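Q: Residues per chain are reported as follows:
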Amino acid sequence: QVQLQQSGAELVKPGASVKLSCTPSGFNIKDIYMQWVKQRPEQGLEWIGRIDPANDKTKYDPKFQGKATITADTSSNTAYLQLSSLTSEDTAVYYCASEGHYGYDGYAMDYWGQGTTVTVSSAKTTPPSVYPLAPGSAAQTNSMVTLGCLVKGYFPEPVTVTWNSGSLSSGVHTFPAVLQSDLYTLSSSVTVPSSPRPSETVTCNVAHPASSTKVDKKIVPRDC
Amino acid sequence: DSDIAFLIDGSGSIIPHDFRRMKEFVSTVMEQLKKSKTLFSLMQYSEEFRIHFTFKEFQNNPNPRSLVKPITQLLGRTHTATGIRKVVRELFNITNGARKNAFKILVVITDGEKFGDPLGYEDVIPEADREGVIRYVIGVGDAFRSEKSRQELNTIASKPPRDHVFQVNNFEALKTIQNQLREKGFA
Amino acid sequence: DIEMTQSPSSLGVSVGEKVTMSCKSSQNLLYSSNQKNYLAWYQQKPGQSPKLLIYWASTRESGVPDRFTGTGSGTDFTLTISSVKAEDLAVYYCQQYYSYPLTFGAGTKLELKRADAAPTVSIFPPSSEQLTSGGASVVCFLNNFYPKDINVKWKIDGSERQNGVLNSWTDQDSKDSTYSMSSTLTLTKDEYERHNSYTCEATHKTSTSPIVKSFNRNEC
Ligand SMILES: [Ca+2]
Numbered sequence: 003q004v005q006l007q008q009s010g011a012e013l014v015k016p017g018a019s020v021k022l023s024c025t026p027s028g029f030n031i032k033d034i035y036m037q038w039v040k041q042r043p044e045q046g047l048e049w050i051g052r053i054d055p056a057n058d059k060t061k062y063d064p065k066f067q068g069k070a071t072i073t074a075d076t077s078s079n080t081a082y083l084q085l086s087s088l089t090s091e092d093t094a095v096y097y098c099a100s101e102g103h104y105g106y107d108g109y110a111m112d113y114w115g116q117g118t119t120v121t122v123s124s125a126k127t128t129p130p131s132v133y134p135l136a137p138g139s140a141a142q143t144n145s146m147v148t149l150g151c152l153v154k155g156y157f158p159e160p161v162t163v164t165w166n167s168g169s170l171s172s173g174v175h176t177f178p179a180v181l182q183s184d185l186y187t188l189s190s191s192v193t194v195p196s197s198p199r200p201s202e203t204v205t206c207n208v209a210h211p212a213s214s215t216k217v218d219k220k221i222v223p224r225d226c
Numbered sequence: 132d133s134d135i136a137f138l139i140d141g142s143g144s145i146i147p148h149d150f151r152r153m154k155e156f157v158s159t160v161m162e163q164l165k166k167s168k169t170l171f172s173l174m175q176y177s178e179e180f181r182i183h184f185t186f187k188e189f190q191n192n193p194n195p196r197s198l199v200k201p202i203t204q205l206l207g208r209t210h211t212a213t214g215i216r217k218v219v220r221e222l223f224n225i226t227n228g229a230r231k232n233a234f235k236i237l238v239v240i241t242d243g244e245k246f247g248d249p250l251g252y253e254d255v256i257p258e259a260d261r262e263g264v265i266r267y268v269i270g271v272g273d274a275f276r277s278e279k280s281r282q283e284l285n286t287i288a289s290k291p292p293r294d295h296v297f298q299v300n301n302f303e304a305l306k307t308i309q310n311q312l313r314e315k316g317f318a
Numbered sequence: 001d002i003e004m005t006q007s008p009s010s011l012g013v014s015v016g017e018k019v020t021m022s023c024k025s026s027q028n029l030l031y032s033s034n035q036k037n038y039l040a041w042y043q044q045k046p047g048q049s050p051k052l053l054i055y056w057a058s059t060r061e062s063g064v065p066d067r068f069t070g071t072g073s074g075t076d077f078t079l080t081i082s083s084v085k086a087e088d089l090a091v092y093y094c095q096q097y098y099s100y101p102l103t104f105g106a107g108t109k110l111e112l113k114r115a116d117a118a119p120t121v122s123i124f125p126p127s128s129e130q131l132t133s134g135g136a137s138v139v140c141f142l143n144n145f146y147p148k149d150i151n152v153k154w155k156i157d158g159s160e161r162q163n164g165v166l167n168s169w170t171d172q173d174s175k176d177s178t179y180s181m182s183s184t185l186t187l188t189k190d191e192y193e194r195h196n197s198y199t200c201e202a203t204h205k206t207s208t209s210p211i212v213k214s215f216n217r218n219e220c
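Chains as they are written, first to last, in PDB author numbering: chain D, 3 to 226; chain G, 132 to 318; chain C, 1 to 220.
With the rest of the complex left out, here is chain D:
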């Protein structure tokens, strides 16, 4: 019944600026210290700075000096974070958090926002190239067989990979996408018994809503 509501996900070109908002739907910004925290994919939490919306006085981590500007609008009960001259290092999740005033010299960060995704890329929308991953001619045998699907060179995220239109749900794992060039590359693994493949059908179905593309690639054994 009391929460911090943040602005939507952002995709921006390098060198541009971006302005994120945070609106508490339960209390007044004047009565707290609004904080901004950065969280890069696999890294911890990095404090950017804070604002006293009552008098518009701010504090920043010197790392963020120049890069970040924290402002507040008491009229719309909103705190803002502006990030300037954007680089790929600015691609992270941004959280606004509040420090209440409870009768002590300072306090912890009691309320947190849902987060705002910020992606910085020079890349334009690009559909993926779907490549089947079948084992080599002399791969031998076991009771189980692992097959794949390679989703290369798309932009932006996400891409959704399924196997046999969702029928094959067990023994499947899609690995998180990584940045090769300024585009994403992803892969999915499927494990099936040696009895249903190649005898029966195994197809990966990849969808990239951004480029309005759907690709269905049947995993066929290697040519020779």
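Since the hints were derived computationally from the structure, they do not count as laboratory data. We put the CB at the ideal spot given by N, CA and C, even for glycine. Just to be clear, a hint being listed does not mean it is correct.
Derived CB-CB ranges, DEER-like [what the hints assert, rightly or not]:
1) 251/G / 207/C: 53 to 59 Å
2) 298/G / 112/C: 56 to 62 Å
3) 166/C / 220/G: 51 to 57 Å
4) 7/C / 171/D: 35 to 41 Å
5) 196/D / 208/C: 25 to 31 Å
6) 77/D / 191/G: 30 to 36 Å
7) 91/D / 171/C: 19 to 25 Å
8) 191/C / 218/D: 26 to 32 Å
9) 124/D / 208/C: 43 to 49 Å
10) 9/C / 151/G: 45 to 51 Å
11) 171/D / 86/C: 18 to 24 Å
12) 192/G / 57/D: 18 to 24 Å
The hints should help you fit chains G and C with the ligand onto chain D, whose structure is shown.
A: This is chains G and C with the ligand only, laid out in the frame that chain D set:
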């Protein structure tokens, strides 16, 4: 021939009633010193610093109640040393109505010890000495019961501590000292 | 800046166990005037925002069960979960709010422990479809292993290749509680056509000897 500046603690721990009690005390202290040559200035400190009125502002509007009334509590942590630097540099500066050859007096009222301050007293006190700023301190509450807390006050104030340090039990006890401080703001 | 040093970075947990986490600051966090430790613990569940769990080093935030207990003073702090529930698997961060800049610990990720498992290595030559495009990508999967710590070596005709390699790790599986990793060696069609033997080597706790999987460009 006297320029009195107040450095008031507006940190979180001070309850609203006690803040107004401190505000009322400052007010009363100025009323009792209605000498045409006495000028007052006020800065509030916590983790943030605000000048409420310059010596110039005071001279153009000598009503203490009109100046004290709008002051709103800053809240937050305690950065005493930074406050002292900002007083010496900002309040005791010719542009802000500070009179040269006029006695420089600073009165510090605090409820607790400084903590997490970028600056230390060794970075601020020698400069205040150099500028000839006689400083008085009023240590309010239980924070000032230990021996290390008492030496902080003795550091804050001018030497000797016996002539420049006050200590009160609570903010209501500020009414009780309204006398012996007037008999310290003279020349 | 105050340094928050959390230990361990990852922690193997079983349901009902009692877990402990350490957080040590480079500076004292006990404020003399209020006798309070300016330390907080946050819990961040997968794909969720951090949540305040404990403040003043030992005070539980409203809604926090009694199973979570914060202890310590000045420098050395501890978060304790007596009888771990499955809902408790998350990253626990400690924070100092004594002075600016406000600093966070690296975090302690709680993961579910299970029996050690060796990876299932699979090598895949580049698809004919890819070769027609220009470039060639040789893919290596390292599936369903425990614990999370693993290393991959790429070998083209014996010489270790480092350039072109891109790794990706899955989160711990909800069902089988294992980890999986994918390695993609990406060269041009030209470059791929220069050599014959391609190998991906997997090194894990399960064996002293690495798991080796290879293919030959001329093998049909
Ligand atoms: Ca205080």
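Q: Hint by hint, work out which the structure violates, then give me just those numbers in ascending order.
A: none
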